[PDB]
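J.: Fit chain A to the given chain c structure using the hints.
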Amino acid sequence: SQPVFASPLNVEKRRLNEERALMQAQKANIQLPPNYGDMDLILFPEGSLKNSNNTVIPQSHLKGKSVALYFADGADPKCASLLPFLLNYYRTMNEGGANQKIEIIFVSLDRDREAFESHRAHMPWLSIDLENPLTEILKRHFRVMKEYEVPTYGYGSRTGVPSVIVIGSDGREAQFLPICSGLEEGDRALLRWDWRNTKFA
Amino acid sequence: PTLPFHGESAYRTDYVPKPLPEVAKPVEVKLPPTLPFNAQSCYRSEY
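Protein chains in written order, with the entry's author numbering: chain c, 2 to 29, 35 to 207; chain A, 205 to 251.
Isolated chain c (complex conformation):
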């Protein structure tokens, strides 16, 4: 139920959670329907996250780390302008430290597999496969949209391409980094990141 309710991550997370609750009720005073805090979610299945070498890693690989989704489109000129600054930020954040601080999960708004590959070969962080349904299920969750090709459920059109959003363990938003928002200080909003209190616990 965060940040919105009528989105498919939350519909599936609800369904799995009250089927768990009815399972434990039928097996055994149990409160129905389950609380938003008491429900549970796995954000990425076993074959979602892939790094630059195209080796898959699961969710627990991101523990103790500030994980941010990056919605982007290869042909988009905002995206083309933003990408080198994000590269520099990611670089100078994860070089000078005892350990690794942040990760960037690339979510693609592209049109074709080869366009996805060409816009992916310039990125050293992780990404999401285009034909995997997780990319547009995350689009519908976080209300990112370039133009109305999906029927909206009375949403807010939060942001367009590109965006970086700090995500939590169950898929909520921790903070929005304002590139194209109410605030719109593009190319500098990366420094608003608070990677200590934003952690994928």
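By construction, these hints were calculated from the structure, which means they are not laboratory data. Beta carbons are placed, not taken as given, at the ideal position from N, Cα and C, and that holds for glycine. A few of these clues could be false.
Non-contacting residues of chain c with respect to chain A, defined by C-beta distances greater than 10 Å in every case (computed) [unchecked claim]:
1) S2
2) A29
3) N57
4) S87
5) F91
6) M99
7) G102
8) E109
9) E120
10) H128
11) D135
12) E142
13) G177
14) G188
15) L197
16) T204
Partial list, computed: chain c residues near chain A (C-beta under 7 Å) [as the list claims (entries may be wrong)]:
17) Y154
18) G162
19) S163
T.: Just chain A now, with coordinates in the frame of chain c:
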């Protein structure tokens, strides 16, 4: 002799019945399409 007649008047051969204008060019196509609504307030968008 028996010289015959042709002396037809101005109006009898000058304002004859005429081929009526072929009615055409009925231009009508459509209104332009409408775009969807994606605008929100402040209180519901951020609070």
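J.: Take the hints in turn and mark each one as holding or not.
T.: Evaluated hints:
1. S2: 16 Å, holds
2. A29: Consistent with the label, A29(c) stays out of reach of chain A, its closest Cβ about 40 Å off (over 10 Å).
3. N57: 35 Å, holds
4. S87: Non-interface label stands for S87(c): nearest chain A Cβ at 23 Å, farther than 10 Å.
5. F91: Answer for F91(c): holds, closest chain A Cβ roughly 25 Å.
6. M99: It holds; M99(c) is separated from chain A by about 27 Å at its closest Cβ, greater than 10 Å.
7. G102: Non-interface label stands for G102(c): nearest chain A Cβ at 34 Å, farther than 10 Å.
8. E109: Answer for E109(c): holds, closest chain A Cβ roughly 27 Å.
9. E120: 30 Å, holds
10. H128: 30 Å, holds
11. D135: 28 Å, holds
12. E142: Check passes; 18 Å lies beyond 10 Å.
13. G177: The claim holds: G177(c) sits with its nearest Cβ about 20 Å from chain A, beyond 10 Å.
14. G188: With a cut-off of 10 Å, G188(c) comes too close to chain A, as the shortest Cβ separation is near 7 Å.
15. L197: 21 Å, holds
16. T204: At about 19 Å from chain A, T204(c) clears the 10 Å cut-off, so the statement holds.
17. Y154: 4 Å, holds
18. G162: 4 Å, holds
19. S163: At about 4 Å, which falls below the 7 Å cut-off, the nearest Cβ of chain A leaves the hint on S163(c) intact, so it holds.
Against the hints set out earlier in the document, a violation occurs for number 14 only.
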